[PDB]
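One chain comes next, on its own, written as structure tokens: the form deposited in one PDB entry.
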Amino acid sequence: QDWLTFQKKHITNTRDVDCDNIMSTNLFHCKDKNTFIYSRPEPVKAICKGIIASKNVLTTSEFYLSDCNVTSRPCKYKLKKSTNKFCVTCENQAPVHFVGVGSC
């Protein structure tokens, strides 16, 4: 919904996200999946430089992604690491929603 929330929801300072901890908090409330981007914030913010009206943008470069995928046990996850482009909703020069991996 805004850049601060996007950072909290989708940017990780570690590749090896502790999914069973973080996904259990209110922000994620044991949902089935969440994609995290392993980067400091500025190169992620830069994806949306110049984009004012809300628009979905596919990254030009690939990034390190860490995905928390639920297992057969509720709120327990398998972490999957991959390198891919991703699509975000850019608004007023910052990411404000994560859309998907690989494609808009």
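Heads up, when I say rigid core I mean the largest set of C-alphas that superpose within 1.5 Å between the two forms. Shifts are known only where both forms have a C-alpha. Positions refer to the first chain, counted from 1. First, how it differs from the form deposited in another entry.
- No residue of 92, 14, 21, 82 other than 14 has its CA displaced by 2 Å or more between these two forms when the core is superposed.
- Mapped along the sequence, displacements between these two forms of 2 angstroms or more at every C-alpha, sustained over at least 3 residues after core alignment, occur solely at 1-14.
What about the form deposited in another entry, after the form deposited in one PDB entry?
For this one, just the chain is written down, with no partner chains and no other molecules.
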């Protein structure tokens, strides 16, 4: 019916995450906070290159990060966009957990 509805129905990456739609999906289940990384999988998996034993690792470079943070209205959110380093748990050479922005 209109540009914004066309985007929501028929476009997949405005690196301007749709907090209120994505966080109310059954994967995020109206949780307080989630951070999305604007990147292909490959540069992100590479963080864990040659780490086997469970270990927390900080990226050597910055990525575009979209944070969804819940307001006072249940399952309603405000989008924060930044570039920064982040920390993941590496297990058998792959990211298995998001630990934090800026610092492990």
